[PDB]
Structures are given as C-alpha cells and as structure tokens.
Amino acid sequence: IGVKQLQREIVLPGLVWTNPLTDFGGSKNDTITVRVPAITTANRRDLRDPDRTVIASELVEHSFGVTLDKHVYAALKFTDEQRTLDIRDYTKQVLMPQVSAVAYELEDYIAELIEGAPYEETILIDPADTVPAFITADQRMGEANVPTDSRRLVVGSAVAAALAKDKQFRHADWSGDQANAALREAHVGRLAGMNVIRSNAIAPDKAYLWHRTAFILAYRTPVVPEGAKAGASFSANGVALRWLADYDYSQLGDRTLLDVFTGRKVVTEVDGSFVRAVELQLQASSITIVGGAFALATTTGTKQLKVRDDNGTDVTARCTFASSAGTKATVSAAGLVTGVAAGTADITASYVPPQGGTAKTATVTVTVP
Amino acid sequence: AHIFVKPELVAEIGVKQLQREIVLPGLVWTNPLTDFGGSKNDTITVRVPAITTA
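Residue numbers (this note's numbering), protein chains in the order written: chain A, 1 to 369; chain B, 1 to 54.
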C-alpha cells in the first residue's frame, strides 16, 4: 500500500571519472594505452670551468593501460507459467527492480575500486576533534602537487555523524555559523575546503578524498544481437545498459538479461606510488554489545550478536568472540551464539582498534533457558 | 575461433606527471647588479655606508 523495502541511495557513479576514452574495441586485448607527457631535468656547471662537457638529459614518456575486464549482468529466469498471471505490469515489477539491481552493482563496483586502492597509510580521525584529520588529508594531497580543483570527499554515515557531533561544528561560537546547521540540522556541508558527500556504499567509518584523475571507470553497452527477439537500451545512473530477452524453448521459459561491460583503473604515478587519493578512518576507543544481557528462546536457541563501538559502527564482522562457559553456550566467529545447556554464560568480544594496540573488550551475559 | 587484427590505440586523457608550482623566483631580490662582466673575478663589490658612535 506504499511500504517499500529500505534500499541505499546512489551517489558514487556521478563522482568518478567515467568514460574519458571509449574505443576499447579498436585495441588489442581491449587495453588502451594512455601515455603521460615526459618531463626532464636540468644540470648545473661552474663558470670558467676547464671541463667543457655537458650532461645530456632525456625525455622518456611513460604509459599505463586501461582495460575492460568485467561484465555486470542481472539475469532473470521466469517461466511463462508466471508471466501472464503473476506479474501485472512488466515495466514496474521486473524491469525496474532489475535496473535498480544493476545500478547498485555498478555502485558496489565503484566502491570496491575506491576502497581497494593501494593507499600507503590511513589518516586517523579523532572523534573529539575531527578537523585536524581532514586538514591533514588536504595537506598530504598537497605535498604530491595534486591540483586543488575537482577534488571529491565522500564520507560514510559514521564520519558524518561524528562531524555533526563535533563541538567544532556544533557550537556556534567555535564555528561562526550563527545558525548551527550542525545542530538545527545534522548537516556539515563545507569542511577544510572540501564539500562533504554522505554515502553508505563505502564502509561506514571511513572517508575518501580523491582528485578527479585518480580513478577511471570505462563502460560499454553490449550491442543488441540481431538474433534476439527483444532488445532495449535502458539507462541506469547515466550508464546505458543492454536489455535482452530470449524465449528459450529448452525449458519453455523466457529468460531476460540486463548487462553492461565495465572496467576500472587506479591512476598510479610513474613510480608506482598512489598519491592522487587519501583515505581516513574514524578512530575507535571502546566497544559494547547491543541489547546487553539477554536470554535465548530455547536451550538450543540461537541469537545473532551485534557489536557497536562508541562511534556506533557495526563492528560485528571485525570482532573475535569467545565464550567463558562453552559447556552451556558457545559463540560463533560471526557473533552468532548457540546455547547447548541451560544456565548463565559470559561472552567476550575483542576488537583491535583501527590504530594498533591492545584490543578493546566487551563482556556480556547470556542466560540460556 | 575468429582471429581479428586490431591496432593498439594510444590516448591522452589528461593525466600528467604531478609537479610543483613555481613561486619562489618572484619573491627574491632579483638583479640589483648587472655589470658582472666588467669586474675582476666576476665579482661586484657592494659598499655599505659607515656609521659612527658619539
């Protein structure tokens, strides 16, 4: 009646360098070789030197390859036994979910590209004062002579929450914003010269700053084969896709496929050091378990634990779980606890903070009925 | 299967080697002395006026 499933929002595809070069089909191995102009070095002699020779400099221009190497598709197999009496409107019950699925897959592709880049080091964000971390991020990317324009800053939900909670932005006297956009709203627009963009695709407690020429996305719409009954050019997030439906008679079920060809590249420098983007991670100091002490439904009951640090990030996947009394109940490595006997047990969750040192410890009590 | 003969296109998207921005030369006192050729050892002497005490 209007209740829709909760789904993410698309920010990342518009914030990367998409299709600077297109003719991938004209090159061997589908690799286009981008060249970089050469630079040289001068030399210094001494006046009136008896030695009258000159050191000859050299002009060497490097290059790197961009390749199409992935084929993102969403394939649906529904039989004509369900097409004419189950789906009422095709263009809103199957086509739109398929397009949204491909769009989210492309966003995840870009997010893996951003997070998977070979960052040399991570800049720590102190939750008490977050501005020094971002100014340091701006400073690291200025020592590499990266241009000051076309820089994008994408923060996770946790970093945005910490920015709003920061007294540098929350207190009007400490920020000069005599409207407290960080108090009346939770928004912190401009920061250290960088426009903050909130996102959920990236890890919740991380932020990424990158120049426009740091990541390259290449897209190609597969050409619709002449041998297909259907065929369209649905567009998702400004990236056209190929939709192809074939009425296969192998099992009397028509199949559909919505696909595109994708390629990613990180623009490393000539010395193989990545300096056109930096990453920041929110610093953590303690962890707790939501729900506190609880009780299972049965003696063999199962409950999925959930650990949150002081920042509020779900750190369940990054914790090691131990049971004080495994004879009554045990806990999986993923946080799920199963009781094996009635009685009390103590569960310890350990999380190494993202700055090194002794891991934080959170202890909870589980009463298996 | 099919074998195609394709070139190896080279593109220039706009990625260039990063380099410093030249600032310093416009700030230092440049060329107050020019007649370096007509002097011994290519050295021009500068005489600072004297001061005294009472």
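Mixed in with the good hints there might be a few duds.
The calculated DMTMM-like cross-link candidates involving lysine to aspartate or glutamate, where the alpha carbons are at most 25 Å apart (straight line), are [unchecked claim]:
#1 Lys16/B / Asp259/A
#2 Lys4/A / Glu121/A
#3 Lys229/A / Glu269/A
#4 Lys16/B / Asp149/A
#5 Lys16/B / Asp89/A
#6 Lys6/B / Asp89/A
Now the in silico label distances, taken between C-beta atoms and shown as ranges [stated by the list, open to error]:
#7 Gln19/B / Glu9/A: 49 to 57 Å
#8 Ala56/A / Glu21/B: 26 to 34 Å
#9 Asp173/A / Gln19/B: 38 to 46 Å
#10 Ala75/A / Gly14/B: 33 to 41 Å
#11 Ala38/A / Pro32/B: 46 to 54 Å
#12 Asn31/B / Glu269/A: 33 to 41 Å
#13 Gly14/B / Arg8/A: 46 to 54 Å
#14 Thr122/A / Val48/B: 51 to 59 Å
#15 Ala240/A / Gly14/B: 20 to 28 Å
Simulated from the structure, these hints should not be mistaken for lab results.
The C-beta atom is built at its ideal place from N, Cα and C for all residues, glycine as well.
Against the structure, the hints come out as follows:
1. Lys16/B / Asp259/A: The given pair, whose Cα atoms are some 33 Å apart, is violated under the 25 Å limit.
2. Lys4/A / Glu121/A: Cα-Cα ~40 Å, so violated.
3. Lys229/A / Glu269/A: 47 Å, violated
4. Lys16/B / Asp149/A: 15 Å, holds
5. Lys16/B / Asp89/A: Cα-Cα ~51 Å, so violated.
6. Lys6/B / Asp89/A: 45 Å, violated
7. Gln19/B / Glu9/A: 49 to 57 Å: Distance hint for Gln19/B, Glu9/A is violated at roughly 38 Å.
8. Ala56/A / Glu21/B: 26 to 34 Å: 27 Å, holds
9. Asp173/A / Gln19/B: 38 to 46 Å: With a Cβ separation near 42 Å, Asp173/A and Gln19/B satisfy 38 to 46 Å, so the hint holds.
10. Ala75/A / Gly14/B: 33 to 41 Å: Given about 37 Å between the Cβ atoms, the range holds.
11. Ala38/A / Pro32/B: 46 to 54 Å: 37 Å, violated
12. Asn31/B / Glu269/A: 33 to 41 Å: Given a distance of about 37 Å, which is inside 33 to 41 Å, the answer is holds.
13. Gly14/B / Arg8/A: 46 to 54 Å: With Cβ atoms ~31 Å apart, the hint is violated.
14. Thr122/A / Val48/B: 51 to 59 Å: 55 Å, holds
15. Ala240/A / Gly14/B: 20 to 28 Å: Holds - the Cβ-Cβ distance for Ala240/A and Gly14/B, about 24 Å, lies within 20 to 28 Å.
In summary, the structure is inconsistent with hints 1, 2, 3, 5, 6, 7, 11 and 13 from the numbered list given earlier, while agreeing with the others.
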